[PDB]
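Now for the letters of each chain:
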Amino acid sequence: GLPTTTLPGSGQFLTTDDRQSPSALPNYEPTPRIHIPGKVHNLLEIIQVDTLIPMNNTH
Amino acid sequence: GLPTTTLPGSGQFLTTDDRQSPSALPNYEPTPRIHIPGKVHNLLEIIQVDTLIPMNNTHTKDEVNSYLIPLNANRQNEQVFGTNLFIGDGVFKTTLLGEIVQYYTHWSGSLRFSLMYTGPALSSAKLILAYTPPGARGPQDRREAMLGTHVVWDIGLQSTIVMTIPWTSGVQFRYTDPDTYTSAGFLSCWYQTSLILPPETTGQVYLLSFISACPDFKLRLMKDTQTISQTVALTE
Amino acid sequence: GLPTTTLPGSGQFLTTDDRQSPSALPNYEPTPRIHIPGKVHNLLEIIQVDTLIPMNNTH
Amino acid sequence: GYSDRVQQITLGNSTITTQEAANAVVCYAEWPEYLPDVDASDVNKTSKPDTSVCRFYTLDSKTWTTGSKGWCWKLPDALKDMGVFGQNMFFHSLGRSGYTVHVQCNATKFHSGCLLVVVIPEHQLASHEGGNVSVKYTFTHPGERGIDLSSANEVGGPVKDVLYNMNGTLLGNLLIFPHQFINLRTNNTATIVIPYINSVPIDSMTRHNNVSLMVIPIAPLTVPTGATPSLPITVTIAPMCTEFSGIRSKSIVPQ
Amino acid sequence: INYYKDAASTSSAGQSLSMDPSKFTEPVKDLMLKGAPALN
Amino acid sequence: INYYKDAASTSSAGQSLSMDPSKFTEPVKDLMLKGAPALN
Amino acid sequence: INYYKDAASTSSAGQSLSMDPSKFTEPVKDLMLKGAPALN
Amino acid sequence: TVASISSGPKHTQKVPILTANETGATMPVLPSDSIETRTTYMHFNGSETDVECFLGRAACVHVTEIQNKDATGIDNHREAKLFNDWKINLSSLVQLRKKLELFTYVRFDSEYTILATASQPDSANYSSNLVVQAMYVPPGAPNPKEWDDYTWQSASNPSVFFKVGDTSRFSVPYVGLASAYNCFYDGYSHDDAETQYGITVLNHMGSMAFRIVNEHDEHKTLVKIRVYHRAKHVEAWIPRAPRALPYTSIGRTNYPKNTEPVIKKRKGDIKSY
Amino acid sequence: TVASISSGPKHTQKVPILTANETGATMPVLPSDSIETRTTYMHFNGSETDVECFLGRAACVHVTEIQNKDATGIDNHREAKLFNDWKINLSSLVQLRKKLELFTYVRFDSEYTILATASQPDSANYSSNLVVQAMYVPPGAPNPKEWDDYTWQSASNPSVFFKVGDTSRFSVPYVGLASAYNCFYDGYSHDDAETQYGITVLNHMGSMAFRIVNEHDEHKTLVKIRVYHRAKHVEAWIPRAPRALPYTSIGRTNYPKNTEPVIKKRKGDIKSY
Amino acid sequence: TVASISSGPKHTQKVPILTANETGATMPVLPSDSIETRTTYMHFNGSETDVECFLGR
Ligand SMILES: Cc1cc(CCCCCOc2ccc(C3=NCCO3)cc2)on1
Ligand SMILES: Cc1cc(CCCCCOc2ccc(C3=NCCO3)cc2)on1
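Chains as they are written, first to last, in the entry's author numbering: chain 3, 1 to 59; chain 3', 1 to 236; chain 3'', 1 to 59; chain 2, 8 to 262; chain 4, 29 to 68; chain 4', 29 to 68; chain 4'', 29 to 68; chain 1, 17 to 289; chain 1', 17 to 289; chain 1'', 17 to 73. A prime marks a further copy of an entry chain.
Don't read these hints as lab results, they were simulated from the structure. The C-beta atom is built at its ideal place from N, Cα and C for all residues, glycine as well. Among these hints, one or two may not hold up.
[Said to hold, decoys possible] Simulated DEER-style distance windows between Cβ atoms:
| hint | chain 1 | residue 1 | chain 2 | residue 2 | range |
| --- | --- | --- | --- | --- | --- |
| 1 | 1' | 222 | 2 | 15 | 52 to 58 Å |
| 2 | 4 | 64 | 3' | 140 | 35 to 41 Å |
| 3 | 3'' | 40 | 1' | 161 | 32 to 38 Å |
| 4 | 1'' | 44 | 2 | 15 | 52 to 58 Å |
| 5 | 1' | 139 | 1 | 200 | 53 to 59 Å |
| 6 | 4' | 64 | 1 | 52 | 19 to 25 Å |
| 7 | 4 | 35 | 3' | 70 | 54 to 60 Å |
| 8 | 1 | 258 | 4' | 29 | 38 to 44 Å |
| 9 | 1' | 164 | 1'' | 40 | 44 to 50 Å |
| 10 | 1 | 258 | 4 | 35 | 53 to 59 Å |
| 11 | 1' | 52 | 1 | 40 | 37 to 43 Å |
| 12 | 2 | 15 | 3' | 70 | 34 to 40 Å |
| 13 | 3' | 171 | 1 | 36 | 38 to 44 Å |
[Unchecked claim] With a cut-off of at most 30 Å between alpha-carbon atoms, the simulated DSSO-like pairs for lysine-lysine come out as follows:
| hint | chain 1 | residue 1 | chain 2 | residue 2 |
| --- | --- | --- | --- | --- |
| 14 | 4'' | 33 | 3'' | 39 |
| 15 | 1 | 179 | 1' | 236 |
| 16 | 4' | 51 | 1 | 30 |
| 17 | 2 | 167 | 3' | 61 |
| 18 | 1' | 287 | 3' | 61 |
| 19 | 3'' | 39 | 4'' | 51 |
| 20 | 1' | 287 | 3' | 126 |
Chain 3 on its own, in the form it takes in the complex:
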């Protein structure tokens, strides 16, 4: 038995933390990926495509 101390924050759930978890479906094999045109990696990729501005807002 190794001695430990727990710190403030133990047991909290922070929606933004990133840790490991047990898989509920041990050993399951996902469907293979096939190729699909159009993959997005960054939202910065798409905000460089121009779109129309409803400038004439007066309606």
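Assemble chains 3', 3'', 2, 4, 4', 4'', 1, 1' and 1'' with the ligands onto chain 3, guided by the hints.
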């Protein structure tokens, strides 16, 4: 004392997790293993053995007779049997294949459907078996049936014919519990010419039919079977 | 602070488990061992010595 | 000119010839062999009567008729009275054996009918009473007579319902067990070689049967017109690699 | 890392990755080749 | 250190650091050079 | 790994794997050979 | 990395700012093509706009509720919330939904966190300590009928037991049947004349079922379950226009009638600032 | 790995699709023996169908119950559920049972999880905190008679103490007397004319006994014990036909009389789709 | 480790089964001194009978 933090999920019991535990019987020595023929390693090993399909489901109480598909002498053009291919339900459901498929949520792969003929040796017959891939209705006459996957079977010395339902699918997995989007087709069988009995012989002859999975087959995402339930715990 | 998760069984006391514990008497020095004839290591050593059977149980 | 079709099995002082076989099955792809030391527990040297016990015993014949439901024999029970095999059986504390089973049924090219011949390791039967009624000893030790699945329920006996294999499983799935069909149109015999299958290296031959052989008509017998409506079925079985151990006084068993 | 001394206390075993259906699908004494006649 | 056997159980992935807007911003068949006339 | 300083605090000991019944089963002064007569 | 290079006066025949938008391209014009700039560096990587980051935080996807009470004489446990279920889906709560539907196909593993808290709205001597048993019931599995059916044995179906007030957490691999989940599907399950249209046909992933393991105490206890979902290992294809109108249904694109103008009207002219 | 190879038209004397099923073999026929195929790969290993995986998740194997109450004047603790036991066995609850009986002999280590929750069905000021002490009582050990006997000293018998609401977990090596556990046994314990038939004779593994360590408070507290069992290090021999009819007893194969047809009757002809 | 060695018929002047218990010894006689045995291995170490194990729970 090393500082720690516990995460969400601490103390939970997940029936599917796999960790170490203390042994209650420290130092105990199990009985030696001896050799026993028959070891199974994968359920995929056993679903390749074929078993009989109660195709003739039309009875009213379970009987040996629902395994027998009858054949009539001298009929021409007509249809011997029909079934959809929901392997998790209907005729398939009690077969070993059907029975295992039901422990999993998704299946993919080819099926092997064979028919063994049992009529007198001096008789003869030519049958057509047809697989209709998803998208069309169960065929209504041989003309319709013969335009899809089919095998003309010539009854001979070689007693069985093995038809394969090759995996025809957009989506790479189907549901074992019957689902539309995911549906697999129909299987029908018709006289190609007709059964002919020798003299001094009479009546119906029967075909036995089996189902097993090709080596192609995949099953995934285990779950509980609708095939067994209970209302109170059993006792001795 | 290192992230941990506790499993089912935490806090249980199993009379058969074998782990480390803090010594209540830090630094104490036990009496030296001297030699004593007769040490037993296995119960298998002693069940090979024969003893009498009350076979005539009829009293 | 060898065919899968003709075969000869010579075992001891007895030989079988079939001119219309359909290959032969060897359970789980293993052939009977003696008990290796590495697997041994009892310290006794065993007795291997060899050719006096490893020969072919032909049990009494059955009659397949249009109403037959199927028959069931248990091993080593069925042989409990055959020659020196049987004596050895009652006289040693433990014994072990594999078998060659040869089921015979010939007809003509006008008959139809198809039997399933299957070997089930550890076939624990069910009581027809339900609940937790047991199946008495005598009932599961029919001897050479075997059990006739078309006989009536008896008290303390097993259930004899064929669509359920005498245990709550469906006839259709018996095909997962080593088996072979006899289809009058193809076949006239079935042969299965059974290796010794148990969770212990050697066991008692009287309190535990380790396989049931089952012959079940599946496509009903259909004879040519004005033929006699029945065929006999004969079962011949030969112990192979038999070993007996722990000799003594000679067991006395119920009934 | 096993934290415990006994083998029973270790986690689940790891995939056989054995797989050989022939003891169940082809227990015939004389070998059958696909394509050759079943009964000669 | 992964403590678990399955890949789904690992933490979040790490930045694509891929980034190539041209499939979205310039899907034209004949290449356009900035500075050269749009329509020739 | 011992986490503690004192020896008493370590876990159970490990199997003697010593085993010698002769101090108990054959404490005779003149050695007896099995097969030779007990009393000469 | 430079964010802007240094550039000076220009008097050319080479005009990068005149283009033809009819072509469908967005020409990569920069400040330095039309004013004189000075060098500046980016100092930034675009880390927090990665799709893994964008879809990778836990979002509340479902709130349900079950109660612990005497089931004696209840003819319909499901109906008494003696246990309840949830027809798994990720489109019911609409904050996370707008984020996912920025893409057409999406592929990811899920990490679920389940928080359970108890309420005792009417007179109790105390707060009891209940254990919840949420279990996954996939399509074609014996749906449970009472709060203590054989179903709950869950011998082949993953189930987690945790305490009310605590949280349970586990992660499920990408269970889609295809290569990606369809965020949209302009199809049917077959060519019938009246079959539903959308994804609901596609994305039918079975349901999740919760219950309290405890028998009943003298008072009644309300337990409210909140399921959170975090995408990990994200892959997204084909960006689409963001959702403008409100949502009405799980799985259809339908918007409400007599909705309100979504573009803010100017208070003034086109010319107004 | 290829799932299908490419294969084209055939006009041969070599027919792989004609066989003789009477032989007992299932000939390994493939799609490419009878249609023209294209290459495709498996992309799959068959991981989740390994028997270790199939039998390796926890299943509920037993639910019992004990209560904490004043034993004053109780003539039969066992009978008041002052403590209770369990005649260990794995065949009492039938979800896990059908799974195991797909095999004839099975060998594995067991991992037990025991969840205990408390109920206070009638008026209590509070919820007390009870410690359970489940202890293993093997065959030929002083069975306990009162809830506080010398037996509970358990000086040589493994016992675990945990709190109600919590879970206890430990793992026991394969304790079978033979090389495997018999899932079936067509024998008797000896050749008597009336001795029981089955496995119950074979699989008699002694019982497990639970009690609360706490003395009594003023109210009564019901504690319900659920035992979960997970097989680890699995080895299975000789596959058998799956169970079709319902079960009636621990350890016998017996099915109920006037049971219902287990094969679904067609709504239509043999010819129906 | 062998639990029993193989041993066959004996007709000797060397009798390991006759002893004098008055001496206080327990002579180490085995099955193979008086019946015909076959080889078998122990498959066991005597781990759980160690005194550390016996007094260690
Ligand atoms: C699009 C889209 C994506 C998703 C999410 C799919 C998640 C797969 C199935 O989800 C679960 C949920 C819960 C459990 C569970 N097992 C034990 C307890 O909860 C398992 C899988 O839903 N729609
Ligand atoms: C077939 C078959 C297989 C099994 C399971 C056998 C398990 C061995 C004995 O089980 C236990 C159970 C509990 C404990 C225990 N020790 C301290 C607390 O619980 C020890 C062994 O039962 N039938």
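Verify the CB-CB distance for residue 64 (chain 4') and residue 52 (chain 1) against the hinted window 19 to 25 Å. 23 Å, holds
Indicate whether the distance between the beta carbons of residue 15 (chain 2) and residue 70 (chain 3') respects the range 34 to 40 Å. 38 Å, holds
Holds or violated: residue 167 (chain 2) with residue 61 (chain 3'), Cα cutoff 30 Å? 16 Å, holds
Could you check the hint for me, namely that residue 64 (chain 4) and residue 140 (chain 3') are 35 to 41 Å apart, CB to CB? 38 Å, holds
With a cut-off of 30 Å on the C-alpha distance, tell me whether residue 287 (chain 1') and residue 61 (chain 3') pass. Answer holds: residue 287 (chain 1') to residue 61 (chain 3') is near 19 Å, not above 30 Å.
Taking the beta carbons of residue 40 (chain 3'') and residue 161 (chain 1'), is their distance inside 32 to 38 Å? Roughly 33 Å apart at Cβ, these two residues keep to the hinted range, so it holds.
Agreement of residue 51 (chain 4') and residue 30 (chain 1) with the hint, judged by alpha carbon distance not exceeding 30 Å: 25 Å, holds
For the pair supplied as a hint, residue 179 (chain 1) and residue 236 (chain 1'), confirm whether the alpha-carbon distance does not exceed 30 Å. The hint holds at about 22 Å.
Keeping to a limit of 30 Å between CA atoms, is the pair of residue 33 (chain 4'') and residue 39 (chain 3'') held or broken? At roughly 29 Å apart (the allowed maximum being 30 Å), residue 39 (chain 3'') and residue 33 (chain 4'') satisfy the hint.
So the hint says 38 to 44 Å: do the beta-carbon atoms of residue 171 (chain 3') and residue 36 (chain 1) match that? At 42 Å between Cβs, range holds.
Distance restraint hint 53 to 59 Å, applied to the beta-carbon atoms of residue 258 (chain 1) and residue 35 (chain 4): Hint holds: Cβ distance 57 Å, inside 53 to 59 Å.
Residue 15 (chain 2) and residue 222 (chain 1') - C-beta distance against the hinted 52 to 58 Å: 54 Å, holds
Consistency note: the structure conflicts with none of the earlier hints.
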